[PDB]
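Next up: just one chain, as structure tokens, the form solved without its partner chain.
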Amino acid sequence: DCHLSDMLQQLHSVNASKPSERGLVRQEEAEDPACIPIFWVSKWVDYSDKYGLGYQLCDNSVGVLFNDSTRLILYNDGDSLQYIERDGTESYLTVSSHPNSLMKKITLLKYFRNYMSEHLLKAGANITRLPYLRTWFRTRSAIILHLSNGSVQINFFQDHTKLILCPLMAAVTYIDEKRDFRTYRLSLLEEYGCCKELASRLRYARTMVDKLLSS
């Protein structure tokens, strides 16, 4: 299930602790720079009506999850392609070899790429195995992006705040409206507590994860 069940248990545990009602709250003590993620989605474009969901990762790789449930990834060299078939099977190719098979999907990818480069800003830009987008969906309040490495990223439209959950290290990275970035160990938030804002979004995340699991 790509670590979602493990993520749900982590989120329930911290939310069950009611971290915003400790009294003596010390969020900073829950920080850990060893849990900082390597990968997250830095840009995205939703054209699901026609083609699919295009996105850029923080390494500047680009990808598309097409509506036929296939996925094409362009590495940051601008030429190397990874193609993920419906059945999970993966193959590697190049743009320069001009393959008849994927010419249309490559062309589409470049259109996504060009849009993001011209019109979108890169999230997480202020800081330092390539996963692909397994699935995504959006609510009125956010878009939920589940990567093949188990990470779940949640972008809230209203305030441009973001969550990146990593179940492997039982950690959450929180990006606030000031574009400020902090990574926390979930078990420690349980102990030292946190602000109402972070707590509310972890509750929202629990629910979004259940949705992913319900599909």
The other form holds:
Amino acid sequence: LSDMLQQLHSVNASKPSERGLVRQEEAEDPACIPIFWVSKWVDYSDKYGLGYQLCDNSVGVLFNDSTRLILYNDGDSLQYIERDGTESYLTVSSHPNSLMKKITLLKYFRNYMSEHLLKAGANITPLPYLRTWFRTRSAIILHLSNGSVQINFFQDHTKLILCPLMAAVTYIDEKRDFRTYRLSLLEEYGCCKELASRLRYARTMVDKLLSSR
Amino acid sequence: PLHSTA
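So the form solved without its partner chain is up there; where is the form deposited with its partner chain bound?
Let's see the whole complex now, leading with the same chain.
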């Protein structure tokens, strides 16, 4: 998270959209395509919590009591993470009676997402959990346990997936075209105003994450 | 009450 903030400061300070010939294509690094992003989500936190589906079709829920339930894409294998960080590995078919409510909620959330929501990055060629999230008027901000930070913009449906380990960013535009860039290469070659503006917002969002952990 | 793109 700290390194992500530094990577973004570096690219933003280079003023990528306002210093001559933009060579954005040359900043593309297809090697740095993320393995994991959030494809779907449901904000039901007024009662239960926030459910999400990862790109591999695995599902997760961050409940209001700060516990997490993670269903792997085989549809049975389960991970549970308590408040104190205690991780438990099991299956739905073998759950203790105590997790009954939470499993039911996950399966409900799973069904809605699978049946009624669009898969983000469905055209991208093919386990972390949700550490934290918040919502603004403009965007939902998703912080995964592998360090990745995703930002989905509500109004135009454009999305950023920020990968601190690769020092990279994947951008999904209004047409659902995806391009993955190395951040230092965006510094080297520049980019359009659209990407530049969302990266400035991204830095502000990472700063909010860092100030609220 | 809110969700990702339908």
